[PDB]
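Shown next as structure tokens: one chain only, the form deposited without this ligand.
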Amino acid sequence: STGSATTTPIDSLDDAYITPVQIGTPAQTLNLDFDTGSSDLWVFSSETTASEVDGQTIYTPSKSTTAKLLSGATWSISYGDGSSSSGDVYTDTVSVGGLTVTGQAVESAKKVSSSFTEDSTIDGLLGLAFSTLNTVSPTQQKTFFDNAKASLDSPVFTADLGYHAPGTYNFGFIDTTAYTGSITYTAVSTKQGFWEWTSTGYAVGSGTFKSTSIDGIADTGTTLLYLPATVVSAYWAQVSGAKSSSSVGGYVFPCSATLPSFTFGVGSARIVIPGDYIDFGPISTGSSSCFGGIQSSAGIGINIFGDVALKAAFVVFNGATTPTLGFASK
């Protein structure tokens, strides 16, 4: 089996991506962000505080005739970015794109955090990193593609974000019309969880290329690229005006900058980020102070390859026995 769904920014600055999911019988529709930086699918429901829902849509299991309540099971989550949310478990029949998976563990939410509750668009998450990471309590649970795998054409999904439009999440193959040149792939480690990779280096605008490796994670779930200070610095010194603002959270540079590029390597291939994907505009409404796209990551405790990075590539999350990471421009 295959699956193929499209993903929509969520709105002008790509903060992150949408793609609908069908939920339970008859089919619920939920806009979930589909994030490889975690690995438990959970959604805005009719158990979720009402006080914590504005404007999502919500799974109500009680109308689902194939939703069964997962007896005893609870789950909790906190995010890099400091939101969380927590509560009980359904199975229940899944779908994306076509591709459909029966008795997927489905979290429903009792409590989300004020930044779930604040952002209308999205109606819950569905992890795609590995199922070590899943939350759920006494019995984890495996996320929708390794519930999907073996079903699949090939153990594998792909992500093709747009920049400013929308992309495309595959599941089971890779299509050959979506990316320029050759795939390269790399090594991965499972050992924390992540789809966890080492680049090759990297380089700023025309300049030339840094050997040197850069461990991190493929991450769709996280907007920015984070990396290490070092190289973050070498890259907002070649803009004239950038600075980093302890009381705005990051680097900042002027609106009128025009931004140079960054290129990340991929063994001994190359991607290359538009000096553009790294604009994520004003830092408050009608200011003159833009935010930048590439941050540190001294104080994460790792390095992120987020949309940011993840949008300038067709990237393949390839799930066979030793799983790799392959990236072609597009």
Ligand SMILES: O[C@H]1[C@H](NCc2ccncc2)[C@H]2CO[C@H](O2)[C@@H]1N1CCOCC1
Second form
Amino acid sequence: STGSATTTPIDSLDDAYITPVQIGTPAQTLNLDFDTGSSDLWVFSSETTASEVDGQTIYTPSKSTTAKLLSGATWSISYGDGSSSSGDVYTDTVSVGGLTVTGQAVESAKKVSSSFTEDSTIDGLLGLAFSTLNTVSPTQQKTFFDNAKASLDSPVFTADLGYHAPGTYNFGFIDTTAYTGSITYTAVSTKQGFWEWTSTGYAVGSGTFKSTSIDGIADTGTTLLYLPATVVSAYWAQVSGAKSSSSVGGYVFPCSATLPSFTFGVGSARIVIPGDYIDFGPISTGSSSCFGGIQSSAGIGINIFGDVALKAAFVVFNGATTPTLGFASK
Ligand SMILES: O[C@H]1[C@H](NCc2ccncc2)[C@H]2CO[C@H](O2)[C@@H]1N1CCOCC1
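Could I have the structure of this protein in the form solved in complex with this ligand, to go alongside the form deposited without this ligand above?
Up next: the whole complex, starting with the chain shown before.
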């Protein structure tokens, strides 16, 4: 089997991407944030505190003839931005772009933090990291990809995120027309439950390439590119007037500046992030100070190849017995 679904930026800045997901019988279609940095499928629901729902489409398990309450199961998750959600668990039928999993754990939110409430375009998350990170207690549950893997033509999924444009998540096959050149594969550590890999280095603009190992995770659920302070300083040094602002919470730059590209290494291969991918617009409405899309990972404790990086590539998440990651230019 295979599945294929279009993923869409939620706003003009590509702050996140949503992908339609069918849940239950008859189908309830929710637009979910596919997140390769976490492993819970959770949704706004009929059980979510009314004051915490503001525009989202909700899952109503009582209207799904295939929904079954998972007795005694609860979940609670917190993300790197301080956001959180929690609730109980159903199993139900879940389909993504024609690919169907029966008995998928669907985690129904009773509570969500304010940042989720405020984001009307995101109806929940679909985690695609390794199932070891799933928060369902007292019995941990499997991700959608884990549940589908054995039925797929090939045990893989691919992320093809667009810059200010639609993109695609495919399951079970590699679309050889979606990229240029070759896919370079690189080793993955699953020891922290992430798609964790080691970049071979970087370049800033037309600068010489610096060979240096950068360990980080491929995370579709993070907007920006988070890299070591040394690297990030080297990047913003090439932008006149850029500086790190504590008040704003990172590097900002004059909106009139021309941003240099940023290149990261995958083995001997190179992925080039165009400069305008790194522009996240005025820090507040009407400001001529803009927020940078490359930021220091010093506070986070881990390097994150988020959407800013991933949308510059066609990315293969290979879930073979020994998982690997593939990157191609596009
Ligand atoms: O990018 C954010 C994510 N929200 C993106 C977002 C979604 C929707 N609208 C705006 C932003 C969530 C998931 O992991 C973190 O929090 C991630 N960062 C990690 C390190 O820097 C701090 C936060």
